[PDB]
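Asker: The residues making up each chain are set out below.
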Amino acid sequence: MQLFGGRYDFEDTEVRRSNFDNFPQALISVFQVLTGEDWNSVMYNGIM
Amino acid sequence: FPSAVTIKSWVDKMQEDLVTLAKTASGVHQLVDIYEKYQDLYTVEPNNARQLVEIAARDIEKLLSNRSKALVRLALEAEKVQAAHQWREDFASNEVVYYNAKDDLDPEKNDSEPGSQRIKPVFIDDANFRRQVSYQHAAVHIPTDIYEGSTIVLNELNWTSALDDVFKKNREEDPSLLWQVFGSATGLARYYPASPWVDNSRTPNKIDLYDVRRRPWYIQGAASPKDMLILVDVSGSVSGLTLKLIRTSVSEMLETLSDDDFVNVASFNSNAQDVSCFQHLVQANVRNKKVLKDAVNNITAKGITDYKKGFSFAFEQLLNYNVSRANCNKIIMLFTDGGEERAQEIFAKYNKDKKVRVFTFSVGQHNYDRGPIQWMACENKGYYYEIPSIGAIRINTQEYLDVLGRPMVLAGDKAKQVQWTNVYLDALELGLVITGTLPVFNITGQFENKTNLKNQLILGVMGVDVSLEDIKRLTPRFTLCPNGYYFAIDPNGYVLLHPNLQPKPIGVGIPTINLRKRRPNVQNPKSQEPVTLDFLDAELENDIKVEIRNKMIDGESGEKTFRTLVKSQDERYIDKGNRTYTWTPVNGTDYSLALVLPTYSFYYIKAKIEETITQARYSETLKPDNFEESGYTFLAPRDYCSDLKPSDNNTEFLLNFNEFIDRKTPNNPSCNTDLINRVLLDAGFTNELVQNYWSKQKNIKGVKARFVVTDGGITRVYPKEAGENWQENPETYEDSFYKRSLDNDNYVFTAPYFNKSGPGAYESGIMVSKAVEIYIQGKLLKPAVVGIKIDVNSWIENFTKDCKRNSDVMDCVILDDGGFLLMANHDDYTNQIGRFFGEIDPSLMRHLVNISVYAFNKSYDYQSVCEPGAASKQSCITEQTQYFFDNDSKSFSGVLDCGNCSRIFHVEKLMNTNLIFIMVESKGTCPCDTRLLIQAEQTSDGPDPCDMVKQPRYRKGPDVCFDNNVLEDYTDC
Ligand SMILES: [Ca+2]
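First to last, the sequence lines map onto chains F and S.
Residue numbers for the first sequence, in the UniProt record's numbering: 578 to 625.
Residue numbers for the second sequence, in the UniProt record's numbering: 29 to 619, 621 to 830, 843 to 912, 973 to 1074.
Calculated from the structure, these hints are not laboratory results.
Here a beta-carbon is modelled for each residue, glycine too, at the ideal position from N, C-alpha and C.
Hints are not guaranteed to be accurate.
[Claimed, not checked] With the C-beta cut set under 8 Å, the calculated list includes, among others, these residues of chain S facing chain F:
{"hint": "1", "residue": "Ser267"}
{"hint": "2", "residue": "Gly268"}
{"hint": "3", "residue": "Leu269"}
{"hint": "4", "residue": "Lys272"}
All chains, full assembly: derive it from the sequences and hints.
Answerer: So, in structure tokens, the structure goes:
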């Protein structure tokens, strides 16, 4: 929530549900990187 | 360097030779004497320039009145028929049979969707429509992304089915009606006569985005003029996709504003500032809207939010009253995402009395609070909209005209007045039209006061088109010279009728395209703007025309004779001519009609040929096979009779015209007998001239073609071998040289074009013209123009016989008023005959402009076509320059010091023509050149509107204003 909190301000209509905006939505976005499922796309949003 | 006296004698002999050749070979005097020797085949009638304006104004008022009477009928029937509608919700067994336009015409589809049943029409072909129409039923247009079969749409298609008989009876009561349309608040548009839509949905590759609820006529007849103040939110939280949707939404919202509405775009993030260079409500015309859009597309998002600052700024912008406003609807549009401050303080401090509405748009997919925004919305009589994607923008940024229309409904029968739109281009390709609208009210249970919940909104708007070819027929312009004309005016400046209003859209700025960001199959949208061309932007602008304009905008009659610069047909010259503007108001409506007559045009010629033998004898002369005895004959494509139509292939037209005038007796039952009598009398006169004079000296030394262009379309070019070298228009009222040589009282040289593909330098020759001018009863007349094409070679050799061909001691050129090269002395100049002189000797030309021999005027053309820049064609503004003689003194001697050197020059104007002989030290002497002085349409973007709004043109506004009725509901948000 500090690193990528509110930084997903992309100017396209692509949807990104696994983001770190609030606590209930950062917990879900961390649990998914922990179960190693589609975690490589949560990294490309964090890098872009 | 030769002295002044020898040069004066040179130009004296040169001018004398030129003038005597033109006078003795064209035949001015002989045509004058034969125009004066008859005096019995015709009569001289006066143009009472006041009676004409009154008659034309009454004809226009009567036409618009007949179009009004066909609107209140439609609206009455629509209100009555919808009042008695029962709202069924099961349409399976009872099909709704109708003709959905933009459906396929192959007769083996048989769609018959659930609840609906189509029709296969017959589609005869028509005139007054450039397409195929069916007078049996009305067509329906349903926007692409609106399902046809929704119970809301199938109900409109039910109770609108009873409009078709009133459509039919209106049409058969007045067979010259164009489209009648009912455009309803559910997207539908039912128009008559039926005709397939121009863009089917996906049967072609392209999409149609036409929503009857965004059209100018609908948005006009659905509310009253506004004072909008779009208050964008550029806080940090709107960054991302919300900001993009806010930009697109503000643009699509501006596209719903007309020229009577005033608008400004603020922007707040812990500080409220304007978004552009304006700082107060501006008039929302095409240029101001372009400025606002280009400034909104640069918005960036960063900071904290503060609604109190933004609303203080908005409410303080809506209280200026130092500027011109619409003074009717004060609304604030807040484009935001979500917040927590509702700020009751500011709404109590500024609109405790609720004069300013608030519409709040919450944009994007976010997780913020919207309670405060809905509260602001439906606390201040406003409304609340949600815009989550690009697809909902077009539908949410147009639906506030349901809120703004409540007072117009609670006003009732007082609020039903027909009002006419700006000039715009028809959506079914009819050209330029104006549409008259009248709203339709929903009255269910009106004698017992039952619901009044759906009965606050209108149903739709009823409109009916009036083409501008319908108005240009009530102002017939063929008893005036090529120079006089009618023109009308809005109570806004904008022009409704003019000789300089073209069917193209009004251009803004400089066109820029990025070809490298457009997929080949994406179907870009095109345009929606009206053709709003101000009156001062169609002509040249004195400060006496500003006076006439501001005097006829407020419905005054009068007359004014003065002297003005007039720009020739081809935008290359300028003439100081006298004019007489006589104007009057059109009583029924808010237009004003003026007539421009040049003195020498207060009398015209009326044919009186009644001895049918003379008629037949004259009509014999315009037959192709005897051209070798009378010269190539062109005939202007005017509508003499109902049957034949202008052909654009003048041989086709001359053949049809001859076979017509002999195919029907001279009785003339259905023919415009005055036009035809004049044309035949004219042909007789011209043929007598050609036979008695041009036939005797079959060939002269310098002449190449001797022609006569007159009133009645008759154009005669003597050697048919020169008839193939006539690039002029056959309609003599569009011949640039004709209108030019009517103004001047002497000979006029028309410098040919340069580097344009065609026979233009040596095969054709240089054109010289003079206007025949006769006195019948002490009354001036200028009925014809006689001319000559001078051979370039004979002129060169008479020019040389100290100037020698390809000399290098000096240069000796001949230019005209306009600075175009005619006869040079260097064989490389002479190669480029017809080019602007400032393009082949820029230093001398700038100096000439400086020493005040050549004055110049600059203007803008707002409907031009250009190749887009880098940042098929687009529409563009082109600046046009035009040079002319200002000082009437002849000789000008001097010397230009072009830096460390100086070349001496002497210029002398050949009197009795428009020619100027220049003799200068050679250009090889001084190796100086600043830069070319181009006279051509240079694509520009000015004037800067950031400065025109500080001191705008005069304008009057509509005085009916329906806002703030106190029995409203406003329990909606
Ligand atoms: Ca996986």
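Asker: Confirm or reject each hint.
Answerer: Quick rundown of the hints versus the structure:
no.: 1; hint: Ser267; result: holds, 4 Å
no.: 2; hint: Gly268; result: holds, 4 Å
no.: 3; hint: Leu269; result: holds, 7 Å
no.: 4; hint: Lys272; result: holds, 5 Å
Every hint from the earlier list agrees with this structure, and none is contradicted.
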